[PDB]
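Can you build the whole structure from these sequences, using the hints too?
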Amino acid sequence: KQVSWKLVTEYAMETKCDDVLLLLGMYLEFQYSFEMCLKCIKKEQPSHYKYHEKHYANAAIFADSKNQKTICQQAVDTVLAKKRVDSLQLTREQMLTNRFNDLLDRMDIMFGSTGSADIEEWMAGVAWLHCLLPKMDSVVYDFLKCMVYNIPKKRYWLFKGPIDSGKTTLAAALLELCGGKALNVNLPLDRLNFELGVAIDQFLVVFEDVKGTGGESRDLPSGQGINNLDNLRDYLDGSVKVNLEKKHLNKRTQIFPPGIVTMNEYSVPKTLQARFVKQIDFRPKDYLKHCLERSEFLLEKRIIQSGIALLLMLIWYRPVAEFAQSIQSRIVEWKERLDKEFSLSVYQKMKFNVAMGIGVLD
Amino acid sequence: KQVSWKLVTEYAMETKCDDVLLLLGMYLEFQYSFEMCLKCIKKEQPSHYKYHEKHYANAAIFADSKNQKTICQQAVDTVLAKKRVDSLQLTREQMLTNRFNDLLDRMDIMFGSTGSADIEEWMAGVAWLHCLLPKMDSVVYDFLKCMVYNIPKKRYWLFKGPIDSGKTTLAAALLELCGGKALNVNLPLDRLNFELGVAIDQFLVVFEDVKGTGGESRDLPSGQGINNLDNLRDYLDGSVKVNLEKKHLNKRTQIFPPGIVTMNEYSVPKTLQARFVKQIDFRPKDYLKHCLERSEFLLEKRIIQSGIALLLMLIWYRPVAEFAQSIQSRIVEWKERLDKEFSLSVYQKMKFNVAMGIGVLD
Amino acid sequence: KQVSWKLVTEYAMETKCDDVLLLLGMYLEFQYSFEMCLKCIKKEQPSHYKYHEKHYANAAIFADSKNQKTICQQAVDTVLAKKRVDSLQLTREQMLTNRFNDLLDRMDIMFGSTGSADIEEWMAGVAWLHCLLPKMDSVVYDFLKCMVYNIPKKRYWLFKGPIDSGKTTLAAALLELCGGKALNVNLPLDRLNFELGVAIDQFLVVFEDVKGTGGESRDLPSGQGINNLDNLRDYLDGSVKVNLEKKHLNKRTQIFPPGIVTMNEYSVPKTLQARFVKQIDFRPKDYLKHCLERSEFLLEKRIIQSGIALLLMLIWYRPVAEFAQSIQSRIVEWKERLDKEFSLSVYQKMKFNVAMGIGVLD
Amino acid sequence: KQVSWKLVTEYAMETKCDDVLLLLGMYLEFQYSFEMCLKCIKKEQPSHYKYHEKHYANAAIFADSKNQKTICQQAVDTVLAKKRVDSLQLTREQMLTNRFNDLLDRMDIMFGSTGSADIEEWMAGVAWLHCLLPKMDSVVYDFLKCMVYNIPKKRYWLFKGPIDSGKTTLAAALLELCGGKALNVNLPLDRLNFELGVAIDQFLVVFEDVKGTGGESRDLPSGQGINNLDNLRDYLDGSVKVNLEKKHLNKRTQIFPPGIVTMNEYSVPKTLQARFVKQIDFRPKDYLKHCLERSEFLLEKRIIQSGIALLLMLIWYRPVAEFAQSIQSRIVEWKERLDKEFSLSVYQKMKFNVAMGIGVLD
Amino acid sequence: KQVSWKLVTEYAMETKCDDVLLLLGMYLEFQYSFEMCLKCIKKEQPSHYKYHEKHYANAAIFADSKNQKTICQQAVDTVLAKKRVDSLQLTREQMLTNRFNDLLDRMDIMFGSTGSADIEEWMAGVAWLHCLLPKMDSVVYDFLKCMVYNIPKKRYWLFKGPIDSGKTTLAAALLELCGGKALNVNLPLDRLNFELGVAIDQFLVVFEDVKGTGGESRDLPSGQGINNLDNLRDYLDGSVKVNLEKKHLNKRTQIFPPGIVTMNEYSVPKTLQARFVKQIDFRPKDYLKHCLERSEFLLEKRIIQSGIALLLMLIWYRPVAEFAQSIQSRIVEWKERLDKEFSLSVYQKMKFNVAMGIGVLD
DNA sequence: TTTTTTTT
Ligand SMILES: Nc1ncnc2c1ncn2[C@@H]1O[C@H](COP(=O)(O)OP(=O)(O)OP(=O)(O)O)[C@@H](O)[C@H]1O
Ligand SMILES: Nc1ncnc2c1ncn2[C@@H]1O[C@H](COP(=O)(O)OP(=O)(O)OP(=O)(O)O)[C@@H](O)[C@H]1O
Ligand SMILES: Nc1ncnc2c1ncn2[C@@H]1O[C@H](COP(=O)(O)OP(=O)(O)OP(=O)(O)O)[C@@H](O)[C@H]1O
Ligand SMILES: Nc1ncnc2c1ncn2[C@@H]1O[C@H](COP(=O)(O)OP(=O)(O)OP(=O)(O)O)[C@@H](O)[C@H]1O
Ligand SMILES: Nc1ncnc2c1ncn2[C@@H]1O[C@H](COP(=O)(O)OP(=O)(O)OP(=O)(O)O)[C@@H](O)[C@H]1O
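Chains as they are written, first to last, in the authors' numbering: chain D, 266 to 627; chain C, 266 to 627; chain B, 266 to 627; chain A, 266 to 627; chain F, 266 to 627.
I should point out that these hints are in silico values taken from the structure, not numbers from a laboratory.
There's no promise every hint is true.
One copy or two, either will do: identical chains are not told apart, so a pair holds if it fits within one copy or between any two.
Listed next, the in silico DSS-like pairs over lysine-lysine satisfying Cα-Cα at most 30 angstroms (straight line) [what the hints assert, rightly or not]:
(1) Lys307 <-> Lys347
(2) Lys543 <-> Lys271
(3) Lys512 <-> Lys281
(4) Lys550 <-> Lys616
(5) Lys281 <-> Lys410
(6) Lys425 <-> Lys554
(7) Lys506 <-> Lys307
This is the structure:
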């Protein structure tokens, strides 16, 4: 009897898998009886245990096929095709709404009964991030709106301050929240071509550590990044399309995505200042350092790195109307859960502890 | 029963799709019942909702096919083949009229009932453009004729001005009007061959912001572009065919298309000055800036960059006789629609606002 | 019922088509009923309307086929095979005799009933070229003999003169006449591998304004041209076969075609001077410039740079016996037609106008 | 019925055709009735007219096939396989006597009833060649034996002489005689590696006018030649096997063939100079120039380049016993034909005219 | 009836053929009746005549196959797979055992019934070899077993002594017995990086004459080699795996093979000295130079640098027990031959002639 | 697999 290529393609769509080998390997695991399957019983991986019982019959026949990689290629093509349709048709608001739904699904697992995470430790994360800058939650909301509208010239934000000011932490969490890539412009001009190629079809980009020149007056090591950026005015202003390249691929043409620039305290040309909507200053604060010393489960579990943490911050702080209408129903349910799990007193006690530089938990 | 490859080829032809993935992903959407298709019901994408009901039955059988990518490959070849045939057989005038017919079709949507655009905002853009240079509409007509005639050694226009003088803004609109590609020649000579490969079958090209050398006298940064360009005289001259290269592809041979060069105020070898038929200065002007500050919906919606804006300018200013015969019927209808919606006093009020540096509207 | 691959192959032979996409595109057009084919009715393209009615029946079945690119590939291979057989077995004189028949067929169309070309404008071009150098028609006959005889190390003609001397204009018309390729050697020395690979099976080649050195004294900025050419002395000399490369293709070994090099007046090593059997000096002459200004239809229709114009010159000036026997019949008919449609006094009126620098016509 | 791939492969073997396009084109000619075949009637090409009648029936069925290139690919591989088997199993003497049989077969045609060449002209070529250097036949006999005995570090001879001093003229004739390949050194080693791949299964090679250094004192521009030569000492010695490259096909390990190198008077490292038995070149004899200038059919028909002229020279000069045994029958047969058609006085008359530098065929 | 793919695969295994073209060509030869087969009658090649009669029936059907190259590709894979299994599985001792068997077969070739390598010229080579320096057969046996054991640190010998001293000559012969390569180090570090990759997968290696920096105090001209090697601590010791690299290719990781260093009388750091098991110095000798001058047949049939000339030297001197335990059979059989063929007096006469520096084959 | 990338 025949293999159903359709059931494979459906699994690939549902897992959103787009590596042929990863797709292949996982489907083969279903060939053993789901009824006895230790991976099912131990509830180890949702992309397995949700699916094993459904695909078992087809996996058994798949295991005898002689066409195995051919089946997988067509399946993976279907997933890649769906992505490109979406890229050309969705609004940036819908893109972000989809991205949020993905994170919310991961949170449902993380804090589920199977969930290994501790919602209390993750709320301790939110308390620390809310102390990193004044009006942190309002600042995030502004950044997101700026990315969604993608208004030309009004596109780019500058993070400034010394080593261990925290700027890379916040960049990483934002980059996880929205999706995107880091880029390093400190290179010589020739390699920048493939470097910028990374930006193709991304939502955000982040420029790391754009080294100035002459900051060595204050021990900052000098480099070319600032000059290179000043030579990229149209990529930043985003008013017109640019060509982009990848290794072994022909060029594509698109609006270069919005993003973030990060630096230590180099001097900035006025030509470059004009490019930026907003500059945010990061300054070392000892009470955060002493708090982290006593609350290091934050670092160990990478809580303060994660977009998941920022999403919890938005859920706790923002009015429901601020979210895209479709997901507002899920947001209410999470707000309800958090209101059940914590009183404001509990949360504010944590904020006080952080201000003391004491460990977050008491 | 079996897949009709013919119906897929029709869909590719009618959508003018030439990406195999986009074609695939699009066609797969039709497999669900159009009668419930929310994309149809919400009238979100014409390249969907026009076609779903027609293609539905074949899409269901296509969803079961084991050959899916081969079927799409043949369809995409047919669309590519038609472009090839046209490149060798249309007059340059006919090409331009086809291109115009497509923009006019897009304008029909944008200002339709489903049309989101405000014709008053788009007409405001024409006022700002007609201020950017003396006799602006005459300049556009002269450029269009030059591009149609494609007279050898009389093929290229040079734009000069300081930064923020509007040259790349104007180049963008012409390029969207005619269709074509931008190119960057401030490069090492080795990559340059794959760079020039982009010009294949294009109508225009634009060489963007070519760097001279010694312009640091004027504080200009310096680079290869001008010296690199003087090695390419025959590409400008267009008197003879040249050979063009793409990655993993053997060379094509054709005449290199006509176009535009933009730069800040470097000096130039007259071996290259001889190649330019015309040179246009651009100058910063305060009232444009002050007007634009109070008119930022122009920038937010990219109106000022977009070829639709130049087409609207021509329809307003130029006689019907100057358009090629077949489109004169549509041109007449659009002229009637514009005149119905705008008095000369309204248009002159807008122009007077721009001159005064108030926001365009009042 | 099934596709005749034989009928397709025959059309590719008939058209001498050798791009698979161009072949595919044009054969598809025959699917619609020739009974109403607007292209046929408008008599626009010979390669269509001559063939549509014959191929229509087979094109309808081709339109359904699943193999389409494969059928086209075999047809293109048959045309390519015919070219290789010919290149290995014809005398160079027969090759040229065939080329002349193809041009004469095009002239029969151009000045035929459809008659898109005015023979008066075309003859005005002949007067302009015959004025460009002394004894012009004698010089063309010398060049043809040289290319036919292909005497080793007596194989190349050098054109020198300042900008707008007309050297490219003459080279362009000659290249069209014989059929051949232009090539750029002002290039990085590695990429020459695939560049020169284009010369496979060609009859004649041209190198462009080849960037030398020493001319910096006169603002000729220098480059790899003369450097590279003084390497390839064997390619010029043609005493031995050389290996030529294409992408995804193993090398072809053959003797390298004769031809022409063009030069603004850089310096040349005498190892290279030894290899040009002849050099011609070209000079700007204002009265030609004044003539062109008033006679711009020459440039706009590209008349003066077409081998069609050179063929008309030879028909006017040379004895019938100088042509190969099989075409002497066609030559006689065109001599008669020319004598009918022009008196000598008209041609003398034209040539006088050219000398005066006024508009050629009066 | 169906195509006999066997009959196709026989033709490929008997033509020794080893290009798939050439073979394809050739065989398709046979599809017409040979009984009226104009080429047969003309006796135009032996590789056609000998075979048309035999292959006609199979060619008709071949003309309808859908596998045509695949059939030709298998046939071509049979021919290459035969070459590869000979390339290892035969002695260098056995190879050479095969080569001579092929040339003798051409001469039988060239002076045959078609007789398109006249042995008197070719004899005048012999006279010019034997006049070019003393005892030319004897120095050739030395070179032949050296190449058969193939002694390492003694596998190569050089010419270092001036331009237009004939070294290429002689190399061409020897290379035609031996059936080697020319190769080009003057390249980046990072691609020369592939070019050397052509040396697979060759009797002999020649390296061309290789760019040294220090020749700059006499305007010879320096380059990669000297560098790449003194690098490849293994190949120059003939020390060991090398894995020679091919595209889309495996590389092959085999020992490199012996050869010749030409240059003008560049530097040569003594580390290189060690590797050559003879390092000898020859310099202009102006009277010969005046002879050529009055005997130009010699050059026009390329007689003095062609290995056929050398073979005629050895037939005249050498003892029958100096040839390999089996061909000595044919050697005697041709010695008869020379002595039948020429007196010594005629040959001497040619040779004094040559030495006098005058036109020869008085 | 049908081609047995099995029989084709047997022949490939038995011949150890691993080029698809050779396999194809040779197997096709069997298609003629073996009963008359003149290659069999002449006993030209065992790879033919040993097999033809067995394979004949299958070869006939093979010649009619339409699939031929596909059969051969699978057969060649079988032989390559066999090598890769053994290459991974077996010991250095087993591998040398087989390398002996190969070279003992080349003795069975060279001194088989054709004797085209004269066993006694090869004895004169053995004489010149053993006369070269002290105790040479033992010095070989020692160095050989040293390289078989590959014991850490105990892995490198230093061949000092001047130009033409023979050190290069001998290493080449041992490399014939085992494979391997020589290596440069005389360069700045960026060169060394890629150069070190040459050692990858070598069963043995050597270093080219180290022009040691700091040898110029001895007036020995130099490059960086001494400081290079003195820094390369591990590579010599072979204590642990190291990484190796090539142009355009990824890194590989392996224990760096053992070997030899060659130099003239250069300066050495005592650290670098500690890396070597033996210090040796070679010198040119007046008897030996005048002997080869008088005995050049040893150069002509490639003897003195041949590994077989070492193999014969070992079969002469070394007892059967010193050879691989089963190959010892062949050792006895060649001992029988050589001891029968040559008296010790002719061997001693030959050695004495070398001791007189006079021609060996008196 | 070639190519492009890499290497320069
Ligand atoms: N505001 C802060 N005050 C004190 N310590 C901080 C602060 N922010 C971050 N840290 C400490 O700095 C460490 C590194 O943080 P992060 O990488 O975000 O800093 P950064 O300023 O972006 O650094 P860099 O510029 O070097 O990448 C954190 O793990 C934390 O220990
Ligand atoms: N003539 C002008 N006078 C004043 N402001 C101008 C003028 N032209 C453009 N602007 C302002 O400058 C911005 C940038 O315009 P644009 O990018 O076309 O300038 P440019 O000088 O042509 O740039 P570049 O040469 O770098 O491509 C516009 O969006 C507008 O805000
Ligand atoms: N002899 C001439 N006298 C005056 N004008 C000329 C002459 N020859 C050409 N022209 C003008 O010069 C233009 C360019 O001619 P052409 O390209 O053949 O010259 P060129 O010397 O080969 O130039 P370049 O070095 O730029 O390639 C022609 O289109 C014509 O307008
Ligand atoms: N000895 C000679 N006497 C007179 N003319 C000669 C002589 N040798 C060569 N020539 C002339 O030189 C022409 C070119 O010869 P050839 O190409 O063989 O020389 P070459 O030394 O190899 O030159 P190059 O290195 O420049 O290619 C010959 O066709 C002939 O006209
Ligand atoms: N000891 C010797 N006495 C005389 N001739 C020798 C001796 N050794 C080698 N030869 C001859 O000299 C040639 C070169 O020897 P070889 O290259 O092995 O010496 P080398 O000492 O390694 O030289 P170099 O240090 O110059 O690279 C050999 O091929 C052989 O013909």
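A quick look at each hint next to the structure:
no., hint, verdict
1, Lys307 <-> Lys347, "between (32 angstroms within a copy, 19 angstroms between copies)"
2, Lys543 <-> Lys271, "neither (48 angstroms within a copy, 53 angstroms between copies)"
3, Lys512 <-> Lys281, "both (22 angstroms within a copy, 24 angstroms between copies)"
4, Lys550 <-> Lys616, "within (14 angstroms within a copy, 49 angstroms between copies)"
5, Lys281 <-> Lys410, "within (27 angstroms within a copy, 34 angstroms between copies)"
6, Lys425 <-> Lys554, "both (19 angstroms within a copy, 28 angstroms between copies)"
7, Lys506 <-> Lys307, "between (49 angstroms within a copy, 29 angstroms between copies)"
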